[PDB]
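Colleague: What follows is each chain in one-letter form.
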Amino acid sequence: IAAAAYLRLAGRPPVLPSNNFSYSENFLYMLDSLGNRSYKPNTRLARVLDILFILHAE
Amino acid sequence: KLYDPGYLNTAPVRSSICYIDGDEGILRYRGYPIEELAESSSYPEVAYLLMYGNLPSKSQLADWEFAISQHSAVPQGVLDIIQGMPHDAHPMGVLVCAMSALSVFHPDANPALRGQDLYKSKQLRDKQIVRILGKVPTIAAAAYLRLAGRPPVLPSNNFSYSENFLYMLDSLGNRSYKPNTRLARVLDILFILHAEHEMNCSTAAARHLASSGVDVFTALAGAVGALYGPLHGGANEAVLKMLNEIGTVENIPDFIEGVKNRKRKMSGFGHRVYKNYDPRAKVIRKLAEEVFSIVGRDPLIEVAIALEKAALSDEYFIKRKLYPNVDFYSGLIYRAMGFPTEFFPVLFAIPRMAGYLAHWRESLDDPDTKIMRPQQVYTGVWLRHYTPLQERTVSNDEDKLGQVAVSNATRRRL
Amino acid sequence: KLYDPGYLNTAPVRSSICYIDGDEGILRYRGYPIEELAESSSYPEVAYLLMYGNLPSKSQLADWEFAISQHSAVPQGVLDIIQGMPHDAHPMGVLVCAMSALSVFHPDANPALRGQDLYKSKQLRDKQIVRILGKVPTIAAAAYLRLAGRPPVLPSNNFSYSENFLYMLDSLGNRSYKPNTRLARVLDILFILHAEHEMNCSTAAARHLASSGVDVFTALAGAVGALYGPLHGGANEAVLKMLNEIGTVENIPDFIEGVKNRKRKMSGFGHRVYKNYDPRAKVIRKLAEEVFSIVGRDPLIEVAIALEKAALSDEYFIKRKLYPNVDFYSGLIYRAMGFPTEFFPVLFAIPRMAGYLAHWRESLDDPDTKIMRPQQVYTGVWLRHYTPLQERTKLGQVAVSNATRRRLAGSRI
Amino acid sequence: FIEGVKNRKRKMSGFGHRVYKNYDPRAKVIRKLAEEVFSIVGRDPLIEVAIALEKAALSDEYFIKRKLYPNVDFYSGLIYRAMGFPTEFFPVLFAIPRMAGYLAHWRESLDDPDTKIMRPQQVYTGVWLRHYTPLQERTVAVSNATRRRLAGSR
Amino acid sequence: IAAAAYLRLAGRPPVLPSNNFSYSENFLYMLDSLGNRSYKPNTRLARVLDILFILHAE
Amino acid sequence: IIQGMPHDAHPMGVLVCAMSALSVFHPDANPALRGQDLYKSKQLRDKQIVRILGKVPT
Amino acid sequence: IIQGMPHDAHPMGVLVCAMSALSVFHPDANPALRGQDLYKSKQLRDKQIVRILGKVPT
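Residue numbers (the entry's author numbering), protein chains in the order written: chain A, 233 to 290; chain B, 95 to 508; chain C, 95 to 487, 494 to 513; chain D, 349 to 488, 495 to 508; chain E, 233 to 290; chain F, 175 to 232; chain G, 175 to 232.
In case anyone wonders, no lab produced these hints; they're calculated from the structure.
Careful, some of the hints might be misleading.
Said to hold, decoys possible - Subject to a maximum C-alpha distance of 25 Å in a straight line, what follows is the list of computed SDA-like cross-link-like pairs (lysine to any residue): (1) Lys494(B) with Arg269(C); (2) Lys214(F) with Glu396(C); (3) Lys335(C) with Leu218(F); (4) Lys216(F) with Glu456(C); (5) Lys95(B) with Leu394(C); (6) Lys216(F) with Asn498(D); (7) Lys152(C) with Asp211(B); (8) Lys216(F) with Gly341(C); (9) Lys216(B) with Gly341(C); (10) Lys221(F) with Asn338(C); (11) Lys357(D) with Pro482(B); (12) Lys380(D) with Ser254(E); (13) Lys376(D) with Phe285(E); (14) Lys216(B) with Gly100(C); (15) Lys272(E) with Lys376(D); (16) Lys494(B) with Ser254(C); (17) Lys272(A) with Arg269(C); (18) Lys464(B) with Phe411(C); (19) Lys464(B) with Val367(C); (20) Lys95(B) with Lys464(C).
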């Protein structure tokens with residue numbers, strides 16, 4: 233749903249979820265893939281996204 | 095001289111639609127004063143008068159307006175196009191794109207699809223004139239209804255032109271709707287007021303494209319696009335922010351005194367073509383009072399009224415010919431009707447286009463006038479051998495564009 | 095004032111962007127002749143030269159064309175708009191509609207939302223230049239493909255400008271295509287010859303619109319609309335139908351004798367601008383014969399070749415200052431590549447845009463612009479007076501025999 | 349153009365019949381109905397140019413000496429234009445009447461078994477004898499359009 | 233079917249046949265209804281169309 | 175058009191209908207509206223023969 | 175479920191399939207999905223019997 237919000241912001245239709253990557257990886261991919269099922273975002277950026285997620289657990 | 099940049103020393107072509115005596119504010123559409131028409135007439139009357147050079151009689155006028163009502167059937171593909179843009183889109187761009195789409199959706203209009211034959215007979219000319227003069231009203235409409243998120247309406251054949259527009263503006267899925275007659279009349283008069291202006295940027299572009307031999311639809315699309323300029327319809331927001339930033343009515347005399355201190359802005363006072371007077375001011379002031387009577391008031395209206403009353407008194411505004419322009423009362427009425435700010439310019443487009451059609455006929459029945467050819471005076475380097483682009487010297491790296499991406503090229507850094 | 099016939103008259107604008115002397119056949123983009131550039135240079139180089147008034151540096155041209163390739167991306171919304179258009183509609187109308195939608199879908203550049211000062215910053219001008227220069231060819235390719243109905247493929251970011259367009263045009267919808275370097279260099283070399291020509295309604299309209307402070311997108315849309323019609327000098331259709339009617343070489347002499355007898359039309363030979371040789375003519379001749387070698391020819395092409403060979407040596411053409419124009423050879427080349435004839439003027443609008451943006455930026459920069467309030471001389475009745483409505487009392497009637505014979509020539513309700 | 353048609357540079361069709369000459373009462377009756385349809389629907393530019401041609405061409409000596417009497421085609425086409433028929437819709441309109449003739453002929457043909465369609469004879473215009481050799485030795495076009503997919507693959 | 237071709241040529245939804253007339257004017261009643269089933273054929277127009285049909289009979 | 179036909183039919187009527195539709199789906203190929211001189215080229219002969227041969231077995 | 179399906183026999187099978195599907199187009203009229211029995215309720219049995227006596231016409 234977060235990815236759907238980001239997509240619907242800048243006009244782009246939904247993204248179907250890749251189901252082979254980690255959590256952050258999954259989200260970060262669902263942002264910038266443009267419907268290309270053959271994309272792999274950075275490991276360092278996904279690492280950063282996971283750290284930011286863990287630093288705001290609760 | 096040979097260099098007349100602003101065309102202020104030359105005259106492109108003679109005209110006969112009307113004359114602007116800016117010094118005295120004398121305007122007569124083919125001899126009829128603008129105030130006389132705005133009082134004793136209606137929009138189709140003046141439109142026909144400009145278009146055929148003279149007013150029609152009751153019979154053919156009735157038939158003409160009947161046809162105007164008839165051809166209002168906007169192709170639904172244009173409606174889908176309207177669905178295409180985001181609802182935040184400024185109405186001007188919406189209207190321009192719809193204009194181009196309406197040009198393409200009508201194959202019988204393209205000369206390239208039929209050769210240079212569509213523009214030699216009165217039949218196709220008049221037919222396309224009536225066709226477009228009808229559509230506009232509607233498209234606009236849509237645009238208005240889609241601004242807030244409403245479904246498209248179906249124009250009917252019940253009312254007259256201006257009242258038809260008011261109908262499709264506010265029917266809300268109620269076929270038995272009939273808007274206020276006074277509001278329809280006042281909008282009709284307003285349409286009278288903005289009927290035409292003499293050769294301007296937009297008019298020059300219009301006559302250029304007319305002589306260019308291209309389908310009239312796209313020519314008017316470009317011409318009305320030339321009206322998008324804030325110099326050509328964006329000056330209302332200046333006085334709107336004048337009357338909005340001033341806030342409470344108790345800020346008016348101190349506002350004019352600070353104006354005397356060369357501290358607070360002045361705008362909308364005195365026409366930039368009319369320096370003495372204009373009957374438009376008084377007639378639309380009466381109309382504005384009628385509008386306040388029918389719909390009511392607001393803090394902005396009372397602030398503006400007291401501000402202009404104090405402005406008529408202070409000598410600093412008296413001696414500089416700063417009488418209020420038509421823009422004040424115009425915007426007052428338009429927002430009083432319930433029109434958003436971003437929506438003002440599109441309605442300004444609605445009347446003027448008729449005039450742009452008029453001259454479009456004019457230059458097409460005059461061949462003395464011909465294709466343009468601007469003369470160029472080159473002031474740069476005359477001759478120089480080209481260096482091998484590779485041998486090309488590498489001593490300059492200026493102007494450093496080097497910046498266009500999504501948050502410092504993060505879009506595809508992976 | 096001064097009556098200004100068909101605007102021929104005097105010079106209403108002076109600049110330092112280009113120079114052309116047709117009777118002398120000298121074409122120098124800022125003092126650099128057309129031959130020296132066309133024979134060796136490339137389209138992005140001359141585009142940068144027009145933008146900046148000087149040749150680029152390696153790194154400058156490198157990252158310039160790199161940013162162009164980067165901005166080759168086209169917004170999704172305008173693509174959806176193009177999809178929403180009908181099918182059999184002419185494509186250049188699709189081009190102008192897409193340009194208008196591009197104006198809408200770039201509210202950031204819209205000045206009416208942020209006053210008459212957003213177009214005073216340096217970087218916004220350059221970003222607009224790159225945006226348009228990249229986005230237009232993708233739109234043209236997408237429309238051409240819409241004629242064929244296939245979905246537009248995303249622009250690759252690894253090839254040259256002309257190479258990008260050629261791949262976009264003939265990718266077959268995959269990645270395994272390899273650019274025809276011969277055809278690519280031919281097309282890129284050709285685009286040099288169709289840069290900004292002499293002043294026209296397009297350039298004047300762009301100048302006026304930029305002076306008015308409008309958004310650049312809509313002004314360029316209007317310029318494309320100005321070039322929409324072939325009456326801007328585009329007469330490829332004339333030589334096309336002349337070839338279509340000329341037949342083989344055997345039945346050429348009757349037509350040419352009619353031309354000498356002033357009975358048959360002559361098109362595409364002799365120039366109202368060039369009154370002498372044309373360097374563009376020989377360059378485009380070499381390119382055209384290379385095209386003939388690479389892709390072969392149809393009978394019509396050899397018909398035209400033989401017609402040219404016989405006509406050029408004929409006295410009726412040497413004496414009458416008559417000789418083939420570059421329009422003829424360009425049409426030959428595009429037909430040999432195999433383009434729809436009606437799609438031809440699109441190829442004549444893609445390269446006429448560098449000069450548009452050059453003049454737009456130049457007009458923005460110099461504070462020599464004023465209010466474009468032209469004059470006139472009144473010819474109508476000086477004064478009349480209003481008539482009462484009952485004191486009232494028809495060239496045609498709308499909807500003739502259509503929806504009217506369908507409204508009364510069968511019944512009335 | 350009245351001279352032009354007599355100059356043999358531009359031909360004229362719409363006047364007469366390849367199988368009827370004396371007359372075709374159909375032309376007269378549709379002339380009457382064309383007057384009626386002008387009365388009942390009105391006039392359009394093609395209509396007055398057509399009637400002007402009808403009046404003018406008869407005066408010229410061409411149709412006096414050549415004999416070309418306005419064919420049912422002229423009036424049928426102008427009437428079709430009058431009735432709101434699109435330009436392309438004429439052939440199906442011409443198809444509607446002929447079905448009666450096909451039905452009558454078909455019923456009559458099924459009626460009489462004595463009528464037969466024999467196998468027609470033919471006289472060969474080819475060689476009387478040849479022979480097949482394999483192709484490997486075959487001693488040695496414009497079948498497919500090129501420059502469109504060929505260039506695409508090139 | 234000819235009337236169906238005419239009417240769909242404009243992209244307008246097709247119409248049902250009627251039975252309260254004879255051939256040519258029934259066809260014209262088919263041609264012009266505009267969604268109104270209370271139409272009628274102009275008898276002069278029906279007769280002239282019938283004669284147009286009969287002239288090219290056989 | 176052949177899937178829209180009921181299961182009880184004759185397949186060769188299916189052939190003739192689909193081939194009439196091929197007549198329809200190639201209006202560019204007809205000479206019936208561009209005069210009786212359009213068919214003077216060998217290229218159109220080759221194209222029509224090759225298209226017919228390719229289409230019929232499918 | 176009809177209006178396109180082949181008719182290789184009498185509509186008897188058509189009607190049987192029709193009411194079999196009517197058995198599920200209104201699942202609210204079912205006793206096996208709420209509790210364990212429902213036709214023991216007088217109001218249900220009544221409304222059911224009314225509909226089923228009147229449902230067949232459509």
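Colleague: Return the numbers of the hints above that this structure violates; sort them in rising order.
Modeller: 1, 4, 5, 7, 9, 11, 15, 18
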